[PDB]
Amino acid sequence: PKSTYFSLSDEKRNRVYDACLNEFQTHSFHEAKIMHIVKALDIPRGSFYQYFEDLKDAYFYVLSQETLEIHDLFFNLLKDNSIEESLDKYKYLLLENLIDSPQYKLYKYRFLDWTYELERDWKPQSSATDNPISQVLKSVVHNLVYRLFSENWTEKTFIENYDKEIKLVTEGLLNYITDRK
């Protein structure tokens, strides 16, 4: 946001923030409109810009205030756990953060409706942080999660698929094939 959002009442500022948060719970970035946020607050459109550069600013701020990087979970897990242990724990961490939490809808949009522009501009702060390992992991997990949201999966069909595919990655395609013959 701008300095002009930050020096607001710890009461007044929450009115506008929460106002945004609702739109973003109801719309993907593309579906979301400055109009809705602004009419919700009952304040002229131009006043929106006293706080944000554009809708994207508020989007990324809300996102940064309500959501974490899925893979940060796994990296932190890696401290006290080996790779495999971390992998088997990660699935549950994913379910806890993605499904049962107030940020469900946020994430649903974060994963089903995410374009190049968003991808390109989104950056988060990092106390523990392009190598092939994390590329493969991220792809397979993000795909699984994509299917969790796009197919309204139950925790058990998620854990089932997750188990299969992650097992494949860790044991490797060659193993997985000669195991089943």
The other form holds:
2 protein chains.
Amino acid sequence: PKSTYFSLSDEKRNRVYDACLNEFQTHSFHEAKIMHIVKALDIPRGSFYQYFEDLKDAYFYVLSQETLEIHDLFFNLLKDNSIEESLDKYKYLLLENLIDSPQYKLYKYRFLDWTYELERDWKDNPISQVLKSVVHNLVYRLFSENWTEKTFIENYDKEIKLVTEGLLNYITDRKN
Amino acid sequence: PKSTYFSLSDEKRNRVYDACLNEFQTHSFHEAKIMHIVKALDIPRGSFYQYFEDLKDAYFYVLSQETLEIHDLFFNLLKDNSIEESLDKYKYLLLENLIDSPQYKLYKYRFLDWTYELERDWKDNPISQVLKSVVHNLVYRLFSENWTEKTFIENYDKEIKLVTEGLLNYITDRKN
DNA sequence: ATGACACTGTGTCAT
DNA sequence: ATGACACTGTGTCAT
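Would you generate the structure of this protein in the form solved in complex with the DNA, following the form deposited without the DNA above?
Let's see the whole complex now, leading with the same chain.
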């Protein structure tokens, strides 16, 4: 956001922020509109641009304020725990943040509607890339299929077991 | 597309199609606009809607005509080859289709800009979900990072080896 | 058939 | 500051 956003009175800044937050709880970045936010606040359209560069500015601000990066949740576990124990704790930590929280709708759109456009502007080994892919896909399905916690845990367990012990070990008893 | 699209003369239908194709070679679904296509054809805006339901109709038509589903490329290999041999052939088949073809730009936007919206409208085991995730992520990076074929092959090899023989075997010599 | 209409939306500029 | 302006865009309706 722009300096003039931060110079707002506590009252006005909270009204503006809560309006952005409300729009993004109900709209993917692509469905969200500046016109919506200003109509809800009943302020002139020009004012939004005094507070923010553009819609993306407001979107990223709300995300940075409301949400965590699941990458960090995992690597923070790894500092303190074995890979296996980290993976065990991680599924519960993901659910606690993604599902059981008020940020549920924010995370949903972040996973279901996100494009390279957002990825590029948003602020390197095989292990990381593989876990990232598999976990991202589980979370994508968690949202898109409206899984229960039990369903997420069951699928996470199977796919992480496949990853940790290996696909070939999963499929056959024959040994390398 | 609508019946009236197919009832077009060979000449007019090819002009209309080539225009849609051109728009999608240069635009993600979200950047693409009906107004663009009709201006290029120099026909009235109402005509587009005679040929198509909406932009998505034209987009999916072009995709169904120009592109293949990488899921199918893999499972078709599996009918004829071991999992290991299928994975070996698959990387080369992916490159032949995604990179070395005239559909390069179509695949790029399909991987880099695709949302649950498109996924829902576009026409179930751990092994499938894991491979799908990892391969999709490799292809995403292939496009977003503009990898050479050698780079794609090197990363594919490492991450597929991690998947096939298992993460724990990858990281440590200690045995289960 | 089609192009004008009623919409909805963006970003800027004169004030 | 702000709201009118110049844009760009959609989908429909009277013809």
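Heads up, when I say rigid core I mean the largest set of C-alphas that superpose within 1.5 Å between the two forms. Shifts are known only where both forms have a C-alpha. Numbering follows the first chain given and starts at 1.
Visitor: Counting only residues modelled in both forms, where do runs of 3+ with a CA shift of at least 2 Å appear between the two forms, relative to the core?
Guide: 179-181 is the only stretch that shifts between the two forms.
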